[PDB]
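Participant: Spelled out from the first residue to the last, the chains are:
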Amino acid sequence: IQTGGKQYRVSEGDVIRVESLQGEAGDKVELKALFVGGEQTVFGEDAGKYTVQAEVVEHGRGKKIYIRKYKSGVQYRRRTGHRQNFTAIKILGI
Amino acid sequence: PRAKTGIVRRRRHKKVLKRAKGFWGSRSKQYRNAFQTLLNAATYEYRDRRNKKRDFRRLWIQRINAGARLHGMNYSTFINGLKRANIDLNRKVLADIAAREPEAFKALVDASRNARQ
Amino acid sequence: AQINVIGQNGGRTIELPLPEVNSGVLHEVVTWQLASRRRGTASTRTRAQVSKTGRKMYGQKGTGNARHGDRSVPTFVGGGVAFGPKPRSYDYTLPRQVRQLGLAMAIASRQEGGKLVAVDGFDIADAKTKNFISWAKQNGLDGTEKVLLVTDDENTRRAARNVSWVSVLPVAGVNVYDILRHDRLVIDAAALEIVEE
Amino acid sequence: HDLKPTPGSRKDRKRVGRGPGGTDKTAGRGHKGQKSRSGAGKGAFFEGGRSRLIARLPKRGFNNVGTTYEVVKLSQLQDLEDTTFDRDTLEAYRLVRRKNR
Amino acid sequence: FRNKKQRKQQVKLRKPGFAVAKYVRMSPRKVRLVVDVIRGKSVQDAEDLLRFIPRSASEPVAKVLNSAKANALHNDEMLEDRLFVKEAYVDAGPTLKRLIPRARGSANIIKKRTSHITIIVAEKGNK
RNA sequence: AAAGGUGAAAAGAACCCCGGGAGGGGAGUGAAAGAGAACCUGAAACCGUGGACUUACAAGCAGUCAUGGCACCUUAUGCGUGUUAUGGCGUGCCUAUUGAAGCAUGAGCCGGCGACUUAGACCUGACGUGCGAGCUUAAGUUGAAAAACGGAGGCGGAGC
RNA sequence: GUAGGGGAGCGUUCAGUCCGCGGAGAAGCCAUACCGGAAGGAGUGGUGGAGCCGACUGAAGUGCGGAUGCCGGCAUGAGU
Ligand SMILES: [Mg+2]
Ligand SMILES: [Mg+2]
Ligand SMILES: [Mg+2]
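Chains as they are written, first to last, in the authors' numbering: chain O, 5 to 98; chain N, 2 to 118; chain C, 2 to 198; chain I, 4 to 104; chain P, 8 to 134.
It is worth saying that the hints were derived from the structure and are not from the lab.
Treat each hint with caution, since some may be false.
The calculated label-pair distances, taken between Cβ atoms and stated as ranges, are [claimed, not checked]:
id, chain 1, residue 1, chain 2, residue 2, range
1, I, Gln79, C, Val172, 42 to 52 Å
2, N, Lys16, C, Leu95, 16 to 26 Å
3, N, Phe57, O, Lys67, 15 to 25 Å
4, C, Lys87, P, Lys104, 34 to 44 Å
5, P, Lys104, C, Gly79, 15 to 25 Å
6, N, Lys93, O, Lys67, 20 to 30 Å
7, C, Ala173, I, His34, 51 to 61 Å
8, P, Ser74, N, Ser29, 31 to 41 Å
9, N, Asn41, O, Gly17, 33 to 43 Å
10, I, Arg18, C, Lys87, 26 to 36 Å
11, C, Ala173, N, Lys16, 18 to 28 Å
Here are the simulated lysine-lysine pairs, DSSO-like style, with alpha carbons at most 27 Å apart [unchecked claim]:
id, chain 1, residue 1, chain 2, residue 2
12, C, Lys147, I, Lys14
13, O, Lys73, N, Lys30
14, O, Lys75, N, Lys53
15, C, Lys53, N, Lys5
16, C, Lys138, I, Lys7
17, N, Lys22, O, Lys73
18, P, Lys29, P, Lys19
19, O, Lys67, N, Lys5
20, O, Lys75, N, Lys19
21, N, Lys16, N, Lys5
22, N, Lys5, I, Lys28
23, O, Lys68, N, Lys107
24, O, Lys73, N, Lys16
25, O, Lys53, N, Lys84
26, I, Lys45, C, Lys53
27, I, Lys38, O, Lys75
28, I, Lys14, N, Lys5
29, O, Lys75, N, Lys30
30, C, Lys87, I, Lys28
31, N, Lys15, O, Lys67
32, I, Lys45, C, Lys62
33, I, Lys28, N, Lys16
34, O, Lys68, N, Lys84
35, O, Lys68, N, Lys54
36, O, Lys73, N, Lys19
Ideal Cβ positions, reconstructed from N, Cα and C, are used throughout, including at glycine.
Please model the complete structure; the sequences and the hints are all you need to start from.
Facilitator: Here it is in structure tokens:
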């Protein structure tokens, strides 16, 4: 989301912002802000009673985008490259 | 010695020409217009990158008071309750709940109504 | 600080450039040598003047789309060269002291592996070439390395032609480029080598 | 055979600060050099003049070119260099040489 | 397969039922109009239509069709009663430029365009 | 003015077919004819033929972002690649200007050609190296598949 | 961030040196979803049919969208 997710998911391998804990395993725990993993509809802090476990899968770089900037008749043209650093995490959690 | 252009121009020209994929008429065929089109596209590319970030929040906000009103509330009111019940910090993906899980969305409407009244 | 091959075993002399050689100064020298050797024969009719073409055109105004005076200008196909190359030098007088320190520093680098002083080629006999091959083989000169022979003796010279091998240099007319160009230096004639001032 | 670098003519490096590259008038598009009107074009305008202070200032003068002497300090002879003899030929060999003066 | 060098000597590259009238002194545009009716039609209709299209491009085109027919039979041993205009097109030859004089001293350039009329016949085959 | 190029060798294509011819298809030659005499490569503008997805209630600087539909898997199945529908946004480029989408300038398009250089024993500054209270040589002479010699002279060294 | 000043580099030809490559296929051309912060640079396939990358240093006729720019080819107006 804004780094460090939440919600009832069914154990998927989603990609998020960099996590520091290199290679496989690493293991991460998330606060949780809402859930339906057991039909129980619980949200906020009462959701904090629970915590999702996720395993670090892969560290990566995003697809190459190009920063193009332009202003007319002021001779201004800017071309610079960009690639966004990420972390793939396999959800397991309670 | 004599350093002729040969290859340098054609390579640079073919590059720009290849950015112009499904551009209409001369824009995908002649270098001068192809390159010219791309300057304007540059303006559009940088803008729309931070503009899509306004677009989606708006789509999400729209799907929110669409559901909030379905249970006799509204966005202004529903989000105020979820703010008052501090515990709720959902904000992002509060529209997926509204769209896909009505039962679960009601729970949030009910919780907002309380923290408010 | 090095030994000889045939006809004696002295050497030991010469104060070598400190510390373990500066390539920077060797580079200063090589560039200069290469600049001096260069003959600036730049073929160009730069002048809108030098090229063969008349003097007036198609009137200043009227014509309806133009504005030109002559067919000789650089903006015209066939015309002159705006700033093309004309003949010149590139030759300059590199300070004397820097030329001295030059080959001294160059010798020094060969005096850390591939150096060799020789007193006469009794081993040769005639010109033969076949016999220089023999002589060199005995002294570890198989042909794997580029060798620079600097001898003041005319007959050992005549036994120097051959491939990725030997370049022959006369009457101590030694060159910083020539020594750096080859793997080994057969300094031979101990005339420039040892005893100076 | 393996890929080898090797020192020599191919390893004679620049000298870190030795020679920088010249100015080629195109650092992005936004180089249409000189100024932007009047002090651009051909070769003239000047950098001196004949009123921009000089004329407006005085003198008639009188220039001479009389006799100019080569200085020999006391400090040169004393301190160091024990009487190496001055004379007329041994004065030059020390380091206080010009001729014609 | 081998490599290109070999392929060039092994397989010798054929043009089945293809003919071409190169450098025809007519304008592509103009010539296309006639070719356009002949395309897709059975070599016999093609033959018959051409005899009645009142355009001077008809003669050139008709000739190519007969060359393509002859080639299909004599060279490729195809079946006459099965031949149809699989493909026909007019490509532009090199232009004969000419200088025409206009009023008040000015000149102009007439483009006497030329044509490359190619027609390719094939056997029908519904089944 | 502009214009160069088969092939290693002319072995320069006998013979057959359509055609008055031109031109072509075969046969043969050759490594190649994917070199055939409009003979090396053969870009781009520009003209066509074929296929995919598409288009006859639509207001259009011709893109961009978002999504859906179809289609294709040779840096290529998590992705993409091509195309398309609808929605949002969106005033060509250069120049010149206080102020340009401007109904101000320039330009039909593409290819190639095309604009800050060179000289000087010139001045002044940066950086670098060599020697250092000293530092250099010029013309020339001698060698030169190469550099040595040459202190005439030049600069620091005292100012008013 | 315009004039302008300063910095770091990409690319082209030529040269010297090193390392190589090539008719079991060089350059050039063509296609491409890969790489790099940019200029740019690779892999693969296709075409070509004899030359040529990479690195270090040196030198320049060294980078084009404009100049009613020059040369050439080809469009529009128009089957008028
Ligand atoms: Mg000329
Ligand atoms: Mg005006
Ligand atoms: Mg132009």
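Participant: Which numbered hints are broken by the structure, listed smallest first?
Facilitator: 2, 11, 19, 23, 28 and 34
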